Structures are given as C-alpha cells and as structure tokens.
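Build the full structure now, drawing on both the sequences and the hints.
For reference, the chains in residue letters:
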Amino acid sequence: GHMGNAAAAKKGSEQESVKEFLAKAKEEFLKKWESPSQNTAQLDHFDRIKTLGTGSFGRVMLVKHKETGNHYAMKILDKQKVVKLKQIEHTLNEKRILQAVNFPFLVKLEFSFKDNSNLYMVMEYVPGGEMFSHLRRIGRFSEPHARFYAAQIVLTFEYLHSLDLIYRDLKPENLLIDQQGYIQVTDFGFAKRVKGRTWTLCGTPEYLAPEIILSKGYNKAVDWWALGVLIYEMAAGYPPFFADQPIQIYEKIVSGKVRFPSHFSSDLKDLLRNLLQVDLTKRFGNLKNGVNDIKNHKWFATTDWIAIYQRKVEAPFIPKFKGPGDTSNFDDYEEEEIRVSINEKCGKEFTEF
Amino acid sequence: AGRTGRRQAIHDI
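Sequences listed follow chains A and B, in order.
If you read the first sequence in PDB author numbering, its first letter stands for residue -2, the second for the next number, and so on.
If you read the second sequence in PDB author numbering, its first letter stands for residue 13, the second for the next number, and so on.
If you are wondering where the hints come from, they were derived from the structure by calculation, not from laboratory data.
Be careful, since some hints might not be right.
[As the list claims (entries may be wrong)] Across the chosen pairs, the derived CB separations fall in these ranges: (1) A:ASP161 x B:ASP24: 22 to 28 Å; (2) B:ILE22 x A:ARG134: 23 to 29 Å; (3) B:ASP24 x A:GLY344: 19 to 25 Å; (4) B:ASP24 x A:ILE135: 33 to 39 Å; (5) A:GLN245 x B:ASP24: 39 to 45 Å; (6) B:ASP24 x A:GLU349: 26 to 32 Å; (7) B:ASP24 x A:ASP301: 40 to 46 Å; (8) A:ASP41 x B:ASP24: 31 to 37 Å; (9) A:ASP161 x B:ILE22: 19 to 25 Å.
[Said to hold, decoys possible] To give an idea of the interface, some chain A residues facing chain B are shown, with a C-beta separation under 10 Å as derived from the structure: (10) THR51; (11) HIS87; (12) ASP166; (13) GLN242; (14) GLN245; (15) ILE246; (16) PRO321.
In this text, a Cβ means the ideal position worked out from N, Cα and C, and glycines have one as well.
Printed below as a string of structure tokens:
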C-alpha cells in the first residue's frame, strides 16, 4: 500500500486522538452555547483609534480599553442597517457562535454589548493585517506557503463542523495574520449551527459552492468547496471563477471547467479537482472518510497536523510589528463618528444580543 | 478580467 505498517498505525492512532479531542471540544462548546454571555462592557470604556475595515452594516475599529490599556478590534453594526430578516438572524448567529468557540485559529471575543443605535463585538486585535492585502501585494504564495495556511483552515473547519457549525464566508479578507505568522479567522457573520441542511442564499460570489447558487438545500460541504477556492487563489493570485459581475461568476461556478496555472503542481491540481467538485457524492470532505481524504492527500504529505495545531511549525511570513496598537498592516478607510441616538432603535429585533 | 479589490459578502438574493 501507500503506507507501511508503522506509518499506517501512527496515522490510525492520530485519527483516534482527533476523535477524542473533538468529543471533549464539543462538551466545552455546548456549555457555552447553552449559557451565553451578554453586556460585558459599554462604549465609554474604550477609546476609538482607527477604522481597520468596513462592511455593509458598519466597520471594525481599533479601540483601546481605557482602564487596562489593552487594544482590541471592535466590530460596530448599525442596527438600522441590519434590516433584512436574514441579516438580523445572521448577527445573532455570529455573536452566539463567537462567544462559544475556542480554537487556536479562531479570533477570541472579549466583550459584546448594544446601545440605542448599534451592536458591538469586541475581539482580540490581530495586528498583522488581512491575508488579502499580503496576497495582493506579493501576487501569489508559493505552494509550501499556501499549504501552511490551508492546513490551519482544514483543522479549523474540522473543529467547526464537528460542532455542527458551517462557516460560509471563507476568503482572504476574513483571515488575519497574527504576530507568529499564523491565521486568525474572523468575521462569523455567516456562520450557523446546522444539523443537516440549510437554505439561505448567502456568501461571497467567487467562493459560493454551486449548490448555493442553484438554490439547493446545502450542508457543510460548501466550506470544503470554499477551501478549494481559497487554496487556488492563494497559489495562483486570483480565484478560479473570476469575472467582473456576480452573474458571470455564478455561470462559471456551476458550468465552468476549472483551468489551472501551468505552475501548479499535479498534486495541487488533483486536490483542487476533488474540492472544486460539483458532484456532492464525489467532493472531498463530503465522503465516508470525511476530512481524512483531505488531510491524507499527497499535497499535504509534508504537513505535520499536530504540529500545526500546537503552533510548532515555523511560519513562512512574520508581519512587522511596531508595537501595541500599530495599524501599519491595515489599509486606510474613511472615518465617520459613532452617533448614538437618544431613542432605542430595533429593540425587539435584537433582544437576544 | 475579474474583481481584484475586497469582495462584499451578500446576505440574500
């Protein structure tokens, strides 16, 4: 076979240890999921420093806790922009999931609260910037560099999916690079606890699995498709279904044959064909052997999965850090003052937050 | 030709 007796025994034992870890992780998650925390700070506890990113509902800002001096990233959502039914439900998903998870590559939530106008989530500040801007600046990552990030995503999805959580918005914009060069997944705005299928048409066009575009009930396999898109984009510098307008992107995803750069290794192309697989009975991550079809693939043969989890592997890139509160690794955005209305807005729609 | 800047995620439609 491909493995000798000693290697096969080591791998089997490793796989059983993963099961033991995930069972304990589910016990810890469920305690926090059934007993969430709320209103653990208020706005005047923080000095607001700089906008780090913007979205449709608000912005993420670097803030400084006044009493402790610690820096944090504060996501601010304008309740009156979170108007559509699925926008509201997704915001409650995001907070409840973030407060309950615990994994080395998932951003840690510190506080959450709300006022008359806004919802706030205060998380650990990750100063190395988004993978997105490092990737666009350098062009593409070499295969070993892409593989180091990909392995962290595989482990993070194995963790999330074991808790019945689907992530649904994988992309470089959502992956921050910490001081040791490891990834922090942020932005849980589309994550959801799903025990079988779900039906919301949501995500980012280039990263949508065909079954989402086709209005089919879908499952956690959409995250494995998205991993294929991410690995392709990291290694090529552009994603596999690439067009100016969303409708053109969708047509390529459902009906397009993926083409690969001539510099992709055959091992990489083989992995990507099996992740970017339209047939759900054939997509890696969705078969009887689950995540192990990915972890045991030839492209990952050099990956020490336990060492990645334990953060024992030297990262390919360490961001320059000029001290606490440095924002040099983030792009600049237009600043707009936070206005808190004298009247409560959308109080009933956000009771649970 | 395709989108090179940051990409917004869509909640609906």
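How the hints compare with the structure:
The beta-carbon spacing between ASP161 of chain A and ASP24 of chain B, approximately 23 Å, falls within the hinted interval of 22 to 28 Å. Separated by about 26 Å at the C-beta atoms, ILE22 of chain B and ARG134 of chain A satisfy the suggested range of 23 to 29 Å. In this structure, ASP24 of chain B and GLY344 of chain A meet the distance hint of 19 to 25 Å, their C-beta atoms being roughly 23 Å apart. At roughly 34 Å, the beta-carbon separation of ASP24 of chain B and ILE135 of chain A lies within the given 33 to 39 Å, and the hint holds.
Between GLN245 of chain A and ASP24 of chain B the CB atoms are about 20 Å apart, so this pair departs from the stated range of 39 to 45 Å. Between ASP24 of chain B and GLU349 of chain A the beta carbon distance is about 21 Å. The supplied range of 26 to 32 Å is therefore violated. In this structure, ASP24 of chain B and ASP301 of chain A meet the distance hint of 40 to 46 Å, their C-beta atoms being roughly 42 Å apart. The hinted range of 31 to 37 Å is satisfied by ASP41 of chain A and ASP24 of chain B, whose Cβ atoms lie roughly 35 Å apart.
Taking the beta carbon of each, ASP161 of chain A and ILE22 of chain B are about 24 Å apart, inside 19 to 25 Å as hinted. With a cut of 10 Å, the hint placing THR51 of chain A at the interface with chain B holds, because the nearest CB-to-CB distance is about 9 Å. Here the hint on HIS87 of chain A is kept, as its CB sits about 6 Å from the closest CB of chain B, short of 10 Å. For the restraint placing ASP166 of chain A at the interface with chain B, the shortest Cβ-Cβ distance is roughly 5 Å, inside the 10 Å limit, so the hint holds.
Among the interface hints, the one on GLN242 of chain A holds; its C-beta lies about 9 Å from the nearest C-beta in chain B, closer than the 10 Å criterion. Because the smallest distance between the Cβ of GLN245 of chain A and any Cβ of chain B comes to about 9 Å, under 10 Å, the interface hint for this residue holds. Interface restraint check for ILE246 of chain A: the shortest CB-CB distance to chain B comes to about 8 Å, inside 10 Å, so the restraint holds. The beta carbon of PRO321 of chain A is not positioned within 10 Å of any beta carbon in chain B (closest approach about 26 Å), and the interface hint is therefore violated.
Hints 5, 6 and 16 from the list above are not met by this structure, while the remaining hints are.
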